[PDB]
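S.K.: The lines below spell out each chain.
2 protein chains.
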Amino acid sequence: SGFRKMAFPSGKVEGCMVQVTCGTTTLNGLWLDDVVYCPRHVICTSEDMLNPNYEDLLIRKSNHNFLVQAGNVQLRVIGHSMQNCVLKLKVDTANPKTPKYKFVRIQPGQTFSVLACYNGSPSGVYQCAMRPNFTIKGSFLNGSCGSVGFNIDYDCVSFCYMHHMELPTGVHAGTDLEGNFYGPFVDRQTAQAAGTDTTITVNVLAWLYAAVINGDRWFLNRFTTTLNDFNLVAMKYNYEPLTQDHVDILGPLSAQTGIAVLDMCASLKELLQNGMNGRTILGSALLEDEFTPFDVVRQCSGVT
Amino acid sequence: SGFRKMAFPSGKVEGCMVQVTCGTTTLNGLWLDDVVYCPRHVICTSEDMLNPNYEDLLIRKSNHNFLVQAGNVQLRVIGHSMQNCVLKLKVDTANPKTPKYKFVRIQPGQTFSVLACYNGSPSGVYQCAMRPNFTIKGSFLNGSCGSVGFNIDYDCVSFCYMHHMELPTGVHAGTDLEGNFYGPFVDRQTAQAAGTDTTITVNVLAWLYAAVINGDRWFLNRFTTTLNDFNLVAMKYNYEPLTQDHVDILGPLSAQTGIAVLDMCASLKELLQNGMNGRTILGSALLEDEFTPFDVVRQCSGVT
Ligand SMILES: *[C@@]1(O)C(=O)N(Cc2ccccc2OCC)c2ccc(Br)cc21
Ligand SMILES: *[C@@]1(O)C(=O)N(Cc2ccccc2OCC)c2ccc(Br)cc21
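As they're listed, the protein sequences go chains C and U. Counting along the first sequence from 1, when you hit position 191 you're at 191 in the working numbering, and nothing is skipped either side. Counting along the second sequence from 1, when you hit position 188 you're at 188 in the working numbering, and nothing is skipped either side.
It cannot be assumed that every hint is accurate.
Stated by the list, open to error - From chain U, some residues computed to sit far from chain C (all C-beta separations above 12 Å):
no., residue
1, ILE59
2, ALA94
3, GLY195
4, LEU227
5, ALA255
6, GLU270
7, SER284
Claimed, not checked - Here are the in silico distance ranges between beta carbons for each label pair:
no., chain 1, residue 1, chain 2, residue 2, range
8, U, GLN192, C, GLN256, 24 to 34 Å
9, U, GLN273, C, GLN189, 40 to 50 Å
10, U, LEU232, C, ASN277, 53 to 63 Å
To be verified - To spell it out: a stretch of chain C is covered by chain U in this simulated footprint if at least three of its residues, at any positions, have a beta carbon under 8 Å from a beta carbon of chain U; those stretches are:
no., region
11, 7 to 14
12, 121 to 133
13, 163 to 172
14, 280 to 290
Just so you know, these hints were derived from the structure itself, not from any lab. Backbone N, C-alpha and C define an ideal beta-carbon position, used for all residues, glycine too.
Just chain C, same shape as in the assembly:
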C-alpha cells in the first residue's frame, strides 16, 4: 500500500538525451535511430525570439552548424529539416541505446513523465499532466528546452511532449514529437496567456478510488447523484464535465472497490461544496487531478 506521484523509470529516455548547439544557443535533443529531434528555436538568438521567421533563419544554417554531442562524443550531422516547430537532424550513427518507441499526441487530462535535462544531461524526473488549457505545470529553467515527456508500455516508450516555452505566468508550453504545439501557443517571445485551468474530474475520481484502496475513507458518504446533477456542481467549481466515457474508464476501479461511480461523484460533490475541513486524502490537502484511472490501476496492481 501507499500512494505516490510516481514517474516512469527514465533510463530508456536518458539514453536518448543529447546536447544541440547552433551558434550561441544550446538546448536538449532526443536521439532516436539516426535522427536527433530538438526545438527549431535552437537556431534563434534571444533577439530573434521576438518575431522569428524560422524558414529564413534556417536558410543561413548548414549541417555543420548543428553541433550534437552525446555525452562526450560528437555526432556527425548529415541532414537537417524543419517539421512544424521541431528540427530533425539526421546523424551518421544510429543511437545504439534507442529503445522501442512511438510518437503520440496526448489528450488533455492525460499524464506523462518529464525527464528534465540541461546541456544534454538529465537533472530529474517527475510526473505531469497535460492541463485542459494545454499547458503543463512543470519545473523547467533556461536550457531545459528539448526535454521530453513520455509514457512507457512494458518496453515501448511513447514520446508525447517536447519542452519549448515558459509562459509569463510560469506555466509551460511545448509540442508533441511531430513539432505541433499543444494548444494555441507559438514558439515566439510574445504575450501568450493560458485559458482557464479546469480540474480534470475523471482523474480526481480515480484518485478518490486510490484513496479508498489505501484506507483514506472519511470522504465516503451516504449519498448518490446523477451525471447531470454532478455536472452542475462541476461547472460551479471549474471542473471538467463528466461524461459516460469517463464513467466507463472508471469501471475497473468501481468494480474492485464496490463503490459505484455516481456514488463517488456524490463524495466528490460534497467535498467540492464543503471543502476537506482541515483533513487530508493520500497526504494531500487539495483534490489531486494528475493521476488518470490507468495510473491508479497501474500503481495499485504493481505493473512493471
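Place chain U with the ligands on chain C using the hints.
M.R.: Below, chain U with the ligands without anything else, positioned relative to chain C:
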C-alpha cells in the same frame, strides 16, 4: 521556473535491478560488481515471518537455492552471506552496468529517490524522505521488497535505502545497504508501531524559499522571530526543533532571496498559527516537508 517533487533519473539504478528467488519467495536484488544485495527474508516462507531465526533458516540454504535473474539471464551464485538484515550473493559475473556508487546511512529529514521494482523490473520512481520516526511514506505492494532508495552526485549513486517491510499502518520500513534497519523495526511479522511523525522544519522553510523564488509570496509577513520563540510554536505543532545548524544550511537560500532565515521562521509561525485560509503554496494546500535545502538549490539552479 516551476517547482516539482522531482526524483533522480533512475537509469543507473535500473541497470542494477535483478530478481532473487529462494524457494517460493521472490523479491528484488541490487547487483553491484560481483555481488547481489537483497533482504534476508527472501529465505522465509510467509509462515516463517511470524518469528524467524535467520541464522537457522540460512543453514538449510546453499548457493544453488538462490536463483538470481538479471532480465532474462541467469547469474551463477558462487557465495552467500548474511550481513545484518541483508543477504550478499556473490555471483561469478560483475554487473557490466555497475555505476560509480557508495553505501550511505542517511539521517532523518534527508530525501531520496525510490525505484519501486517487482520481480526485478522497475515500475516507477518517486521522491521520499526518511521521516523523523525512521519510516518512509512510500508506495510499495507485495514483491516490492529489495527496491532501493538512492541519491546521485553527478555520476555517483549513493544507495541509502532498501525496502523490507510494511507496517500495519501502511508506512514503510527498511534498511541501509549494510542491512541495518532505520529506526527500531525488525524484519518480523509483528506489531511494530511507528513513533510520532514530526514535520521536518528545515525542509518546510527550504520549500518556503523555493516558493518565494517561484513567485508564491503571499505568506511573507512584516514579522520576525527568534530560534527559541519559533521553537515554542514548532513544539506546539509537532515540528522538529530548529537549530543553528538548520539556520546555517538555509544560508544560501537566505542569501539569494534576501529573506533572513528568522524572518522566514516568522512566516512559517504565522502559517502554523493561522493555516493557509484556503490558499496554496507551490500548488500544495499543506506545508511540504520533503524537499531539503539542497534539493531546492539543486532544482532552482538546474544541477545535472
Ligand atoms: C529553453 O531552453 C529555451 O531555448 N528557452 C529560450 C526561449 C524559449 C521560448 C521563448 C523565448 C525564449 O528565449 C527568450 C530570450 C527557454 C526559456 C525558458 C525555459 Br523554462 C526554457 C527554455
Ligand atoms: C516484500 O516484497 C516482502 O518480501 N514482503 C513480505 C513480508 C515482509 C515483511 C514482513 C512480513 C512479510 O510477509 C508477511 C506474510 C512484503 C510485504 C509488504 C510489502 Br509493501 C513488500 C514486501
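S.K.: Look at each hint and say if it fits the structure.
M.R.: Hint-by-hint comparison with the structure:
No beta-carbon of chain C comes within 12 Å of the beta-carbon of U/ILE59; the shortest separation is about 32 Å. A cut-off of 12 Å between C-beta atoms confirms that U/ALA94 is not in contact with chain C; the least separation is 19 Å. At roughly 18 Å from the closest C-beta of chain C, the C-beta of U/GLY195 stays outside 12 Å, upholding its exclusion from the interface. Listed as a non-interface residue, U/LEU227 keeps its Cβ farther than 12 Å from every Cβ of chain C; the least gap is roughly 28 Å.
Annotated as non-interface, U/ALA255 keeps its C-beta farther than 12 Å from every C-beta of chain C; the closest such distance is 19 Å. Every C-beta of chain C lies more than 12 Å from that of U/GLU270, the closest at about 17 Å, which supports listing it as non-interface. The Cβ of U/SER284 sits about 7 Å from the closest Cβ of chain C, inside the 12 Å cut-off, so the non-interface label is violated. At about 28 Å, the CB distance of U/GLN192 to C/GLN256 agrees with the hint of 24 to 34 Å.
Hint check: U/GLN273 to C/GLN189, Cβ distance near 43 Å, so the stated range 40 to 50 Å holds. In this structure, U/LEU232 and C/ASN277 break the distance hint of 53 to 63 Å, their C-beta atoms being roughly 27 Å apart. Counting residues of the region 7 to 14 of chain C whose beta carbon lies closer than 8 Å to any beta carbon of chain U gives 7, which reaches the threshold of three, so the coverage claim holds. Under a criterion of three residues with beta carbons nearer than 8 Å to beta carbons of chain U, the stated coverage of the region 121 to 133 of chain C is upheld, 6 such residues being counted.
With a cut-off of 8 Å between beta carbons, the region 163 to 172 of chain C has 4 residues touching chain U; three or more are needed, and the interface restraint holds. Counting residues of the region 280 to 290 of chain C whose beta-carbon sits less than 8 Å from any beta-carbon of chain U gives 5, enough to reach three: the coverage restraint holds.
Going through the hint list in order, the structure does not satisfy hints 7 and 10.
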